[PDB]
Amino acid sequence: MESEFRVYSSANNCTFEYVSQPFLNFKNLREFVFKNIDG
Amino acid sequence: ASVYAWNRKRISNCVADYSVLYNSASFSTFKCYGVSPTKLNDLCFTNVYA
Ligand SMILES: *[C@@H]1O[C@H](CO)[C@@H](O)[C@H](O)[C@H]1NC(C)=O
Numbered sequence: 153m154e155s156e157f158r159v160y161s162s163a164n165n166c167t168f169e170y171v172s173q174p175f176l185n186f187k188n189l190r191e192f193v194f195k196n197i198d199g
Numbered sequence: 348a349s350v351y352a353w354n355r356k357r358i359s360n361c362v363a364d365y366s367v368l369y370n371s372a373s374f375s376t377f378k379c380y381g382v383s384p385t386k387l388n389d390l391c392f393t394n395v396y397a
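Residue numbers (the authors' numbering), protein chains in the order written: chain C, 153 to 176, 185 to 199; chain B, 348 to 397.
The set of hints was computed from the structure by calculation and includes no laboratory data. Mixed in with the good hints, there may be bad ones.
Pair ranges (Cβ atoms, derived) [unchecked claim]:
(1) B:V350 x C:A163: 20 to 30 Å
(2) C:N188 x B:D364: 37 to 47 Å
(3) B:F392 x C:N164: 21 to 31 Å
(4) B:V367 x C:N188: 12 to 22 Å
(5) C:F186 x B:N360: 34 to 44 Å
(6) B:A372 x C:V193: 18 to 28 Å
(7) B:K378 x C:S172: 16 to 26 Å
(8) B:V395 x C:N185: 13 to 23 Å
(9) B:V382 x C:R158: 44 to 54 Å
(10) C:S162 x B:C379: 32 to 42 Å
(11) B:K356 x C:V171: 28 to 38 Å
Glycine included, each C-beta is placed from N, C-alpha and C at the ideal position.
Bound-form chain C, shown alone:
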């Protein structure tokens, strides 16, 4: 059971929110590419 969230202490000024469908021996391989081009 997931019952511990400790990643932040505050959230003051939000500009953008987006809720989506979930993306997800070692059995799974997950590749991601993150790019910042022209905003």
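Take the given structure of chain C and dock chain B with the ligand to it, following the hints.
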């Protein structure tokens, strides 16, 4: 809200249909400064402060 404590809502990440507001008969004042209502429905803006 009261005018001293006027509410500000930031509008982002959506499609703003201005023709619905402009063609309404329920508004007494729709005075636009700096832009015309006809081309509002075409242009795009970063954020809208309401
Ligand atoms: C950001 O947050 C602080 C405190 O929460 C506030 O004083 C400031 O006006 C905010 N700035 C914007 C641009 O929302």
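Starting from the hint list further up, note which numbers the structure goes against and sort them upward.
-> Hints 4, 6, 7, 8, 11 are the ones this structure does not satisfy, whereas the remaining hints hold.
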